[PDB]
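A single chain comes next, written as structure tokens; it is the form deposited without this ligand.
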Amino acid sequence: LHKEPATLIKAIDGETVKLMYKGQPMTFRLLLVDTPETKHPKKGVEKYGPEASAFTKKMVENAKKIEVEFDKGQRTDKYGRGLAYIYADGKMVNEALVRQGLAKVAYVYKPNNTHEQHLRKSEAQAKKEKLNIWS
């Protein structure tokens, strides 16, 4: 893989953060995780979505270094969003959200799945801990 510098522009929600990467503002999708929603037109807000976006916000905002890392497969999805693992001070947000019961592992697509068993290891710990979506 290769980690890269990127600069925070805007945390949209749990799974989506806007970042200046290569000098271009880009929408980035947190690879492998699915967070609850704040806005879904046919839904309203979903349980733990407010605090899933809160979490990521705090995490990318108080960071001194944000780094993105692309996986070994296509790097942009269909809606043109970067496909990546985001590190706030070297800690993987994508992992942090699952360790805290605020994200389930999901849409795991070969070959963009290098870190599938690390996160699938962490969801298991949070489930075993009765935490938040697993409560």
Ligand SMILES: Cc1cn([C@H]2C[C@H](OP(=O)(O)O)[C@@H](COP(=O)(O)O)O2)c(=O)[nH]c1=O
Given for the second form:
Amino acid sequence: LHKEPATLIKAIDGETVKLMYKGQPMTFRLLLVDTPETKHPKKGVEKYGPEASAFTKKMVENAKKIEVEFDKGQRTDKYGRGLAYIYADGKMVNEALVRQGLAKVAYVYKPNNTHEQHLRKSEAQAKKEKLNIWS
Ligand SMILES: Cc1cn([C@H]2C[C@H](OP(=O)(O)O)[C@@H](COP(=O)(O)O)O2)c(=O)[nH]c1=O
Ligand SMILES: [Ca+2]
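Could the form deposited with this ligand bound be given as well, to go with the form deposited without this ligand?
First the chain shown before, then all remaining chains and molecules of the complex.
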């Protein structure tokens, strides 16, 4: 796997950010994570939804360097969103959320699962600390 620069355009929610990637604006969906939703008629605004969104927002907007890291499989989902691990100043946003109890490790579709163990570890830790979603 290898990281590549990208430039923030706009944070959308806990698990979705719009980035300028190789001169093209594109929506990125964070691999292996599921944050409570904010925007949707179906299951409305879930608890921690606002919290997950603010955390991703703050994390990426405060970064001086954003990097994108694709996995080994498909790089886009059916909605045309890039599927990646996003790094803000070297910190993986996907793991940060999980670690904080603001996302569940989800949507594990092989072979796009290189960091699954890593994330599972952090999830178990947030669970053990009864953080947010796990409180
Ligand atoms: C994270 C991720 C989501 N998706 C799909 C599964 C879901 O499809 P459906 O829309 O059929 O439920 C949707 C969830 O996106 P969000 O959680 O952003 O809503 O995106 C993938 O296809 N691959 C992925 O790796
Ligand atoms: Ca979601």
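Take the two forms, superpose them, and find the largest set of C-alpha atoms that agree within 1.5 Å; that set is the rigid core. Numbering follows the first chain given and starts at 1. Only residues modelled in both forms are compared.
Visitor: Taking the rigid core as fixed, quantify in angstrom how much the C-alpha of residue 121 shifts between the two forms.
Guide: A shift of 0.4 Å at the C-alpha.
Visitor: Following alignment on the rigid core, what Cα displacement (Å) is computed for residue 40 between the two forms?
Guide: With the cores aligned, its C-alpha sits 1.2 Å away.
Visitor: After a core superposition, which runs of 3 or more consecutive residues shift by at least 2 Å in C-alpha position between the two forms?
Guide: That run whose C-alphas all shift by 2 Å or more is 42-44, the only one.
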